[PDB]
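Q: This is what each chain is made of:
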Amino acid sequence: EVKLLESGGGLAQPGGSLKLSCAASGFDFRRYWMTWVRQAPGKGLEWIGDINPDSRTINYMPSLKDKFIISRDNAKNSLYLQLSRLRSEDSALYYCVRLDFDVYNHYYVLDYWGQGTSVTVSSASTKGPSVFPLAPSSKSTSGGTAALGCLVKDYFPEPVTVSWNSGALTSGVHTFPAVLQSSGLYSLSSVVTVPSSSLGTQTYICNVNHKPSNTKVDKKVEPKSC
Amino acid sequence: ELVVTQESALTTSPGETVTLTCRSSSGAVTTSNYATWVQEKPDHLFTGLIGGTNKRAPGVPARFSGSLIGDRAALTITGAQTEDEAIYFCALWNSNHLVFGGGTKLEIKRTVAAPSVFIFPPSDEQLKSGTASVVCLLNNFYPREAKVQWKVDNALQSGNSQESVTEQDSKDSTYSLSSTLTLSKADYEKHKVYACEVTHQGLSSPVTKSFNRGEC
Ligand SMILES: Cc1cc2nc(N)n(CCCCC(=O)O)c2cc1C
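Chains as they are written, first to last, in our numbering: chain A, 117 to 342; chain B, 37 to 252.
So that you can see chain B by itself, here it is in the shape it has in the complex:
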């Protein structure tokens, strides 16, 4: 049962050199595994990078190189650029079938950028349906680590919110996140103050965006 493994994530700074590895659970990776690499950019855009372990694919900048390091196959990016932010997949050929690794998320360090916070009260139309969705938006920040806490009339909520985060923006290398608090129309009407508290490295003190139900 061959299992190809890769480091889940790595972070490097521009101009730096980084190496992603690919190991086999059945032993050392070898030339006969024909290790190959694929890059996944946002929107399910994949592109072949390396083939035959160390041979670059046409159109691939020379900053990319392949090789065997120890018992693993590796992809080395010299002079990392922000355009290199992506997920790199590795695959090994096991005699009669191809096995992909779990992929490595490569992040490119950039300066701290605090998020712009926005809170969206539920729409009237949505309320008619009996449900109320409160949305909180954290826009273009970095690093990704950000804590968003919901408070309904100073009562810290829990278990009733889901969040989504975008891929590191190719341009500014930032992330954007949204947290959605979902309540029954009933509960929503049982409270007044709805606030979103955001904590992030780029903020000296947590930022709170809020609104009082009914207040326009």
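Bound-form chain A, shown alone:
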């Protein structure tokens, strides 16, 4: 029942500061060590540091030992990470992790992880995505399944979330990882296969969401009129 929910991510300015938070539940927060781990683009995990229950011991990754401050509020089952002197290198997904600490058996495992909160340290402005329809290049007569989708292009920073028919449609859906265009803007596609026959009857809507720009778009993909 362990649940770790991060928040506080988003676009930040180089040289600036940012405070990330983590809400925990499903376990006696007061008895566990907590850890922060991040993952920059095209990189692996990187340990930031951890904090024991009574906050009396706080270990940090050699480098960020100073620009990083970890803290917790056992009363509110929360974990905090104070970032400072933000540089592009700090752009990454920040994970809230519970550490099972067993000094008796020298057993130390990062058991449960949150899904992280994205943080982009850029000087650029936040931009919303343009949602274009990838029309079904098929009809009902053809018989079978048709491929259709949405092209979410030119937005910044990551991430955007895409769902179909408010979540009702999930089978056959493929939302590709965003790509960084030369323009410095992100772009991605989300496709899904449905039965040709349903084309014209069933409605297919992709729900795009981009918190950074407070954008929310519902584009209805239909067979292009010939």
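Do not take every clue at face value.
Said to hold, decoys possible - So the derived list for chain A, only partly shown, Cβ under 10 Å to chain B, looks like this:
#1 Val153
#2 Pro157
#3 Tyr211
#4 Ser246
#5 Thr261
#6 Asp270
#7 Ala294
What the hints assert, rightly or not - DSS-like mimics (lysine-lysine), calculated; alpha carbons at most 25 Å apart, straight line:
#8 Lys187(B) to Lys340(A)
#9 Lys164(B) to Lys77(B)
#10 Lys77(B) to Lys119(A)
#11 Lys340(A) to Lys245(B)
#12 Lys340(A) to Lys221(B)
#13 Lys255(A) to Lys228(B)
#14 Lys332(A) to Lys164(B)
#15 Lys336(A) to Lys164(B)
#16 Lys91(B) to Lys119(A)
#17 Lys135(A) to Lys119(A)
#18 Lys327(A) to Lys255(A)
#19 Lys243(A) to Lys164(B)
#20 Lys187(B) to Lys245(B)
Claimed, not checked - Which stretches of chain A does chain B cover? Using the computed rule of at least three CB atoms under 8 Å from a CB of chain B, they are:
#21 305-311
#22 314-328
Hint data in this document are derived by calculation from the structure and do not stem from the laboratory. From the three backbone atoms N, C-alpha and C, an ideal C-beta is built for every residue, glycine too.
Assemble chain B with the ligand onto chain A, guided by the hints.
A: Showing chain B with the ligand alone in chain A's frame:
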């Protein structure tokens, strides 16, 4: 400067046994490094597997085991299952801080599956913006190696397309890829035939999906 290294990728067949290693740049891995493993599944879903080098975490099937092999720490999966497709991260404790490895992408061999190809012409709305994006979709195929070539009126394109690939599907163990050709509205209007040529092991001959601009 400790650097933990792992093989970037490994492929095994179901029921087989595979071993991922973790080595330290400062010497042989030892019990005092408390080698630990984490598994990353699609959508940033991580889960602790091993701790203290060889101790399994609660909820972890016994097919997973840890140990020291030579100068390295290792994770051995016996009877590999398709559900084991993931990225495995290793971490070593270096006296006062934790160091992760680069992770190993574990792939599970399955039978060849040719991709279903689809080509999407740019939308009219997008054209108004002055740009034209042509999308090509390769769906559920295996292995991952697939070559997608763009041809505009039989002119093989280059440097004007980016592609994205999904993680190996947990169910069918396949991959899905998309290639996007981006052109200025101008250039797009300067040509007629837009084709996507796909080459893959599951195809006897390359498959081409295309459309003529304006033709509906
Ligand atoms: C994932 C992991 C996180 C850790 N955090 C700390 N602070 N130690 C050090 C453990 C205590 C040292 C000892 O008493 O041997 C960690 C060891 C591992 C494997």
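Q: Evaluate each hint against the coordinates.
A: Structure-based check of each hint:
| no. | hint | result |
| --- | --- | --- |
| 1 | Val153 | holds (8 Å) |
| 2 | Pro157 | violated (13 Å) |
| 3 | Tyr211 | holds (7 Å) |
| 4 | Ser246 | holds (7 Å) |
| 5 | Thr261 | holds (9 Å) |
| 6 | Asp270 | holds (9 Å) |
| 7 | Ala294 | holds (8 Å) |
| 8 | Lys187(B) to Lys340(A) | holds (23 Å) |
| 9 | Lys164(B) to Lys77(B) | violated (40 Å) |
| 10 | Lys77(B) to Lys119(A) | holds (17 Å) |
| 11 | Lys340(A) to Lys245(B) | holds (18 Å) |
| 12 | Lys340(A) to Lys221(B) | holds (19 Å) |
| 13 | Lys255(A) to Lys228(B) | holds (23 Å) |
| 14 | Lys332(A) to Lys164(B) | holds (21 Å) |
| 15 | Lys336(A) to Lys164(B) | holds (18 Å) |
| 16 | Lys91(B) to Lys119(A) | holds (24 Å) |
| 17 | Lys135(A) to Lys119(A) | holds (20 Å) |
| 18 | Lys327(A) to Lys255(A) | violated (35 Å) |
| 19 | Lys243(A) to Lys164(B) | holds (19 Å) |
| 20 | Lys187(B) to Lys245(B) | holds (10 Å) |
| 21 | 305-311 | holds (count 3) |
| 22 | 314-328 | violated (count 0) |
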